[PDB]
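Okay, here we've got a single chain as structure tokens, the form deposited in one PDB entry, with questions on binding and movement later.
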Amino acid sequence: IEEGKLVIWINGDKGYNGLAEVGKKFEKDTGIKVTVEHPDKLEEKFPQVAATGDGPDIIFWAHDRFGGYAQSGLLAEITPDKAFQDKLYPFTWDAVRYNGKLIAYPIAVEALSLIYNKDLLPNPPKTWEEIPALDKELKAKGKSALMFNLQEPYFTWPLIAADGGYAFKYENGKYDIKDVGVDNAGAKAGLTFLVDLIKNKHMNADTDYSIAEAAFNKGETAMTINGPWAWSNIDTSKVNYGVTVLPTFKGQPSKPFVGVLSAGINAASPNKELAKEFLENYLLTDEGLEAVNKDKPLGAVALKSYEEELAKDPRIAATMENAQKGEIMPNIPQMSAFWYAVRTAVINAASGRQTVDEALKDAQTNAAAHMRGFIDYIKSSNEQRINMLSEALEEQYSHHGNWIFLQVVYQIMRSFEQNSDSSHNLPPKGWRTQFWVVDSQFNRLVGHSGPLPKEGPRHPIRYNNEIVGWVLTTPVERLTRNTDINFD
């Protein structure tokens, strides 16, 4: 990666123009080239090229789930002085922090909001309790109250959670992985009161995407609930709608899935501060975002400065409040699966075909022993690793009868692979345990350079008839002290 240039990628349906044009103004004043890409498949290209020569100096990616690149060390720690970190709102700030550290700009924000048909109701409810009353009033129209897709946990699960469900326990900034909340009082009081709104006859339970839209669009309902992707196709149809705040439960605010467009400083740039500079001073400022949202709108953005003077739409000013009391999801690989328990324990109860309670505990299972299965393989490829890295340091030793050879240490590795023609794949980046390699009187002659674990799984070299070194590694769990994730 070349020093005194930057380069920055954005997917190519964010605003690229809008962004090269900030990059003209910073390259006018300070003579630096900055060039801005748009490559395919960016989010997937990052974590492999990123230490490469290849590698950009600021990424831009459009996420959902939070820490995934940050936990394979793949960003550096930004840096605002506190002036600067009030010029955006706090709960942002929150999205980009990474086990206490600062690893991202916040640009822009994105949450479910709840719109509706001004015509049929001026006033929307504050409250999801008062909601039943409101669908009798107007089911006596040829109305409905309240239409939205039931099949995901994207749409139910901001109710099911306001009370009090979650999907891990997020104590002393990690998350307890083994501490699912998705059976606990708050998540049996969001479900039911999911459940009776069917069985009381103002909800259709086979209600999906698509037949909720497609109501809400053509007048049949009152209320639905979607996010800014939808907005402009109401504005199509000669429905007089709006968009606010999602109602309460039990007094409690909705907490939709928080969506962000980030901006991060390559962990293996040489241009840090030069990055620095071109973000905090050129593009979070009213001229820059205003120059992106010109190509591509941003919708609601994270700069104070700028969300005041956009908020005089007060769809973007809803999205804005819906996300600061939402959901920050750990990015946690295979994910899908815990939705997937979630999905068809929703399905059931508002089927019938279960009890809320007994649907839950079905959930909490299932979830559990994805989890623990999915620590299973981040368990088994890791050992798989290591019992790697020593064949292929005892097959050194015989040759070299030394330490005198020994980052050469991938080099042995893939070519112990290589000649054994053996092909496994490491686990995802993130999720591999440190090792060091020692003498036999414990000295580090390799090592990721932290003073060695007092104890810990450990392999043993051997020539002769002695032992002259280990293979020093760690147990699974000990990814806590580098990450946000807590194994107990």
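Heads up, when I say rigid core I mean the largest set of C-alphas that superpose within 1.5 Å between the two forms. Residue numbers count along the first chain shown, from 1. What changes on going to the form deposited in another entry:
- Only one of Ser269, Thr224, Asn382, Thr244 has its Cα shifted by 2 Å or more between the two forms after fitting on the core, and that residue is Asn382.
- Remark: with the core as the superposition reference, the CA shift of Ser415 between the two forms reaches 2 Å or more.
- Superposed on the core, the two forms differ at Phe338: its CA moves 2 Å or more between the two forms.
- Taking the rigid core as fixed, one finds a CA shift for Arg65 of 2 Å or more between the two forms.
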Given for the second form:
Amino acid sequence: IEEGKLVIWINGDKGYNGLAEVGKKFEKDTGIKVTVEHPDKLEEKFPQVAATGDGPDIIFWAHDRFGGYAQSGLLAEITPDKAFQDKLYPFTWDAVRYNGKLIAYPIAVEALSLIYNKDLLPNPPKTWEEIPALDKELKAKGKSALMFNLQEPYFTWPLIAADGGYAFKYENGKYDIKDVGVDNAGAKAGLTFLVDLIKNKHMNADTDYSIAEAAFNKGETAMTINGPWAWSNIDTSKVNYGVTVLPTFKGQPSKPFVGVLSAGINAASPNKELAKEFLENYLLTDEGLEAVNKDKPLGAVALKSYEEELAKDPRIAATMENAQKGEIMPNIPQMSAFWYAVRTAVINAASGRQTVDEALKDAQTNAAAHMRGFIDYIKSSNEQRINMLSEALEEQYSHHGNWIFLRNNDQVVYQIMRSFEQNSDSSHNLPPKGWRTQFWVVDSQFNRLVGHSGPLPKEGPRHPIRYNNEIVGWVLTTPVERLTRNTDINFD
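Instead of the form deposited in one PDB entry shown above, give the structure for the form deposited in another entry, please.
Next comes a single chain, given without company.
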């Protein structure tokens, strides 16, 4: 990756020409090249080149497999000062946290809002409980009251969680994976409401994105649930429609998922300062966001200066209002596993095949069992590593019978371990990102031989280095709870 230059990657489905304008200004003032590119299958190209140390200095994403970039140590910590942070709504910094640290700039924000038909319904209901009533009142005139995609938990989990459902409890910048709120009191309440509107012939269990949309754009149902992306299809259909806050349930508000478009700095880039100056001084300004939004619109933005302008549009102010009330998508590993458990729990309840109380007990058990088997895997693997690093240091030791051969360099011991696996024809398993953090190797008298220069942990994992039926040294390894993939999780 080249020094003295900025290389930016963003999906072609977004305002890439408008970004290159912000680049051209950055060029004029600083004399630094700014090159903006839109590769195909971008979600997959980036981690492949960034995990070698090539690729772009700045990377944009809306989807990354629920935190994958961060879980891979592909992003550097961003360092905006207390000042700059207030230029952006406070919750949008929550959407870019990992291990309590910030890892990207919130550029744009999205959320489900409630889209109603002004003609068939001038005063949208503010609560869920007043919808059955309303369906009857419109079932007469030949219409339905509400139609949205029931298949995906993206559209149904706001209501389930409204009265207090949650995936895992976010306590202290970490997700207690041993604390699952899917069979919750409020979770039960949430889902059981929804199955009843299908029992009571109000909604149908088979309505998907297309059926529900193709209905609403024909004035066959008064209301729908969707986000900014669907507005352009409604527009060309000439339906006088509005966009408002989502209805409440047992008092609490619907908590849809905060979606965010993030701009991160590549952890390998020798341009992290350059890149900060770009994003903070040039992109995240009313002129910067403006130039992109013009090219292909953004939705709501996190910059308060500019959001307030865009919020002229009452649709966009509704989006941002719902996103404020929404909940932040957990970015722990193996979240896909969880949402697929939830996806079937809902499809089961709604098909009558299961009572709510069993579907959710099922989802809750399927989750605990997957997440326990996760902990099992991660743990038994890190142990096979410590063993081979031990076996490898032990072989090189018996060369001359002492620690001369070993320099105090962390990446020499890496290739010592890689050579050992190659020559013993072992399955290939080498230390994952973040391993170096609390890594030392020390001998009998706990003299430091590899590792940083400060004070060592009093306690913590230490596999011993055995030569001739005597301990000759110790590998103080890095606890699993704190490798980069797992540092967003709490295991108690």
